[PDB]
Amino acid sequence: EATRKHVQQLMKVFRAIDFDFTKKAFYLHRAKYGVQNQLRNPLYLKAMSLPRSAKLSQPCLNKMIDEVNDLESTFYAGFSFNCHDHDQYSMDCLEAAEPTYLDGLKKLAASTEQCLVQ
Amino acid sequence: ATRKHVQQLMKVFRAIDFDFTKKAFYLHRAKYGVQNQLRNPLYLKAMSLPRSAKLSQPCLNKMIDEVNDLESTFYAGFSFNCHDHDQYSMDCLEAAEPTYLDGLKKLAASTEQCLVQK
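First to last, the protein sequences are chains A and B.
So the first sequence is numbered by the deposited numbering: it starts at 2 and just counts up by one.
So the second sequence is numbered by the deposited numbering: it starts at 3 and just counts up by one.
Hints may be right or wrong, so weigh each one.
Rough simulated footprint, nothing fancy, chain B against chain A, three-plus residues with beta-carbon under 8 Å [what the hints assert, rightly or not]:
no.	stretch
1	20-27
2	44-54
3	66-72
Listed next, the in silico EDC-like pairs over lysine to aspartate or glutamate satisfying Cα-Cα at most 16 Å (straight line) [said to hold, decoys possible]:
no.	chain 1	residue 1	chain 2	residue 2
4	A	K33	B	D19
5	B	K108	B	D71
6	B	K120	B	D67
7	B	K33	A	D19
8	B	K33	B	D88
9	A	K33	A	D104
10	B	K33	A	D21
11	B	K33	B	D104
12	A	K24	A	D104
13	A	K33	B	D21
FYI, nobody ran anything at the bench for these hints, they're computed from the structure.
Where a beta carbon is used, it is the ideal one built from N, C-alpha and C, also for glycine.
Given only the sequences and the hints, what does the whole structure look like? Please build it.
Below, the structure written as structure tokens:
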């Protein structure tokens with residue numbers, strides 16, 4: 002029996018939902034590699050060029066972690082429900098929210114560098 | 003020479019990595035939620051329709067919107083609306099996921115009553 006037209010229309014709606022989940026997984030991937038590139042890697046540089054007798058400020062690592070969380074929450078809000086004038090999870094929402102997030106991690110990597118030793 | 007500070011920084015960035023993996027596991031659970039409670043039942047419902055049956059597009063749109071609202075609410079329950087446990091734990095997951103599954107199975111039934119345009 003030929004594939005019913007309405008089966009194809011039903012599956013069309015579910016394709017777009019599956020793709021919605023894909024777009025969300027792309028968001029996560031960008032957010033993770035944002036952290037690696039703007040934050041982890043430059044701070045790995047600072048750590049290796051340090052005197053054997055240096056103590057690390059864990060209040061500073063604590064501020065960084067919670068500041069990672071707030072930047073990432075704000076990135077997901079920009080990608081999703083807080084996208085000022087775009088479809089739900091578009092690439093156009095990412096284009097607006099990602100630079101803010103990466104510039105946030107960049108600034109955070111600088112202030113973390115400054116409080117790292119003590 | 004200074005293996006100590008580097009290992010100490012990796013510990014913090016290891017955890018952020020795993021946090022991203024917990025968020026990806028959430029997303030897979032939400033995906034297989036839609037497949038099991040919504041997609042698979044609605045496909046059976048459709049193959050039992052008369053072959054001529056035409057679908058109601060407004061019904062399908064109500065279904066996509068409600069999937070996003072339900073998943074928006076699941077993720078909130080996974081994070082900032084958890085309160086009683088830490089921000090992306092399995093505990094937060096296990097508390098909010100039945101409500102999400104229950105909501106999808108409800109939407110599987112409300113969509114069935116409107117699926118055919120008669």
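Each hint tested on the structure:
Check on the stretch 20-27 of chain A: 4 of its residues sit with their Cβ under 8 Å from a Cβ of chain B, so the three-residue criterion for coverage holds. Only residues whose C-beta sits within less than 8 Å of a C-beta in chain B count toward coverage, and the stretch 44-54 of chain A has 7 of them, enough to reach three; the restraint holds. With 3 residues bearing a CB less than 8 Å from a CB of chain B, the stretch 66-72 of chain A meets the requirement of three and the coverage assertion stands. Proximity of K33(A) to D19(B) is assessed by CA-CA distance (about 7 Å); at most 16 Å being required, the pair is judged to hold.
A distance of roughly 13 Å separates the Cα atoms of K108(B) and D71(B); the hinted pair therefore holds under the 16 Å criterion. Simply put, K120(B) and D67(B) have alpha-carbon atoms about 22 Å apart, too far for the 16 Å limit, and the pair is violated. With a C-alpha separation of about 8 Å, the suggested pair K33(B) and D19(A) falls inside the 16 Å cut-off, and the hint holds. With a CA separation close to 23 Å, the supplied pair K33(B) and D88(B) exceeds the 16 Å bound.
Between the alpha carbons of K33(A) and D104(A) the distance comes to roughly 14 Å, so the proposed pair stays at or under 16 Å and holds. Taking the CA atoms of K33(B) and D21(A), the gap is about 10 Å. The hint holds against a cut of 16 Å. Only pairs whose Cα atoms come within 16 Å are accepted, and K33(B) paired with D104(B) is accepted, the gap being roughly 14 Å. A C-alpha spacing of about 22 Å is found between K24(A) and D104(A), which places the hinted pair above 16 Å, so the restraint is violated.
Of the supplied pair hints, the one linking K33(A) and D21(B) holds, its CA atoms being roughly 9 Å apart against a limit of 16 Å.
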